[PDB]
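Take a look at this one chain, the form deposited in one PDB entry, written out in structure tokens.
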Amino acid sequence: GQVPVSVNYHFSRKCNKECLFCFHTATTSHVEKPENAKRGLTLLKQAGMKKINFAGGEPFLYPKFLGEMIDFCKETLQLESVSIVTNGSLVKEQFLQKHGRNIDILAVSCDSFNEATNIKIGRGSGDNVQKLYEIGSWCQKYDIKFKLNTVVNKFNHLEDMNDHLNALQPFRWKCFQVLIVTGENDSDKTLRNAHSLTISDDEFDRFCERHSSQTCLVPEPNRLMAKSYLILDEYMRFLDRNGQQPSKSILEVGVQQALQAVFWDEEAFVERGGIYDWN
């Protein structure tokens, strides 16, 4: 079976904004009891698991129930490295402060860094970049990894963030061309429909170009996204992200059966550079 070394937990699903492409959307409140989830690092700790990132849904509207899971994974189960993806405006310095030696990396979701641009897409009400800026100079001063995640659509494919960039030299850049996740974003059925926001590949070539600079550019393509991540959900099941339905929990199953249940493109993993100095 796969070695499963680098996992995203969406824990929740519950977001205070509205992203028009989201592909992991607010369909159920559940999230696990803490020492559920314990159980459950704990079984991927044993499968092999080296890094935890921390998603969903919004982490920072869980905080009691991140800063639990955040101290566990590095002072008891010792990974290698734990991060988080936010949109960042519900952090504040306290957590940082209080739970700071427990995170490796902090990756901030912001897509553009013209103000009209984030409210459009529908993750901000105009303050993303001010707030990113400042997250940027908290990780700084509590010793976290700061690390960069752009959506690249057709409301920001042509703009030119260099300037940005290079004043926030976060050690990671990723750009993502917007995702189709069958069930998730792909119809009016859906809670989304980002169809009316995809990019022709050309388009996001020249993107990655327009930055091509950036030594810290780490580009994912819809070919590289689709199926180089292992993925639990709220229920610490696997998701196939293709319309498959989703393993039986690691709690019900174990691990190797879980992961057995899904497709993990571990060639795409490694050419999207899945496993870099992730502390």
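Residue numbers count along the first chain shown, from 1. Rigid core: the largest C-alpha set superposing within 1.5 Å between the two forms. What changes on going to the form deposited in another entry:
Residue showing a CA shift of 2 Å or more between these two forms (rigid core superposed; candidates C139, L79, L197, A107): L197. Core-superposed comparison between these two forms: the C-alpha position of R223 differs by no less than 2 Å. Remark: with the core as the superposition reference, the CA shift of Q46 between these two forms stays below 2 Å. Comparing the forms between these two forms on their rigid core, the Cα displacement of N36 stays under 2 Å.
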The other form holds:
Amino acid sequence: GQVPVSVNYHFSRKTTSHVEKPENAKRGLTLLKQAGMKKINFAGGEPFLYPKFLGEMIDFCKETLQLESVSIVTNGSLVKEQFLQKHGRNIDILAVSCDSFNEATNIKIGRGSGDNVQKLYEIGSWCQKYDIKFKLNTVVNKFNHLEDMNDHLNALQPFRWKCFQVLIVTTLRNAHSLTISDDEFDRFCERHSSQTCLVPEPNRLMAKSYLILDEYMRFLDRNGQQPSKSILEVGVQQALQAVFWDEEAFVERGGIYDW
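Please give the corresponding structure for the form deposited in another entry, as opposed to the form deposited in one PDB entry shown earlier.
Left out here are the partners and the other molecules; the chain alone remains.
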């Protein structure tokens, strides 16, 4: 460390929850830039629950820090067109997490009830109006691994469709009651082979260099836990050693269900 090119800033957690003051976050992200950060991704709580902060920090990252890439991950429920217009010049990628187009499937995963589907189409279209790359994030699990989505994906034309094989971390067993074999996962990917945006990520080979910065601007370790002290306190490289930072061990948590 040097930090990876990309850092995932989970600036609030899933009353309500702690969020950094804008001056402090502005300072933390500056530290990250000086340490090698070029791309930022706002996750994981639900960023559009806090649009004034999201908007301030998007502008700051693109205008002041001149970052190559500014991404957001969202369930899409609270995205309104006024935000994308006010800030779209500064947002490169908006990823919407969508696991199913069936209301029943969604309820069973722990998300519903729908109908989410028209809102997704609204967002996809606002993305082209405001020059935002439109990405879809899907976790393939016991409940959606037989679903056919080609029609909806042909309509939505994301520039990237990332499909993660579910992985659960540990009275539960309603985990192994949710895993899928690699064959089931592959049969989902083939079922959508006609789909050029499709980027599969199986458990056998997860993306590396995946670093999470939490709502106190602390890093998490290779398991999503044992946070360092905030970079605001000990700075970037000392906080990296505090969490045993190693590019190859920090796999992507996007497909993971952290329980």
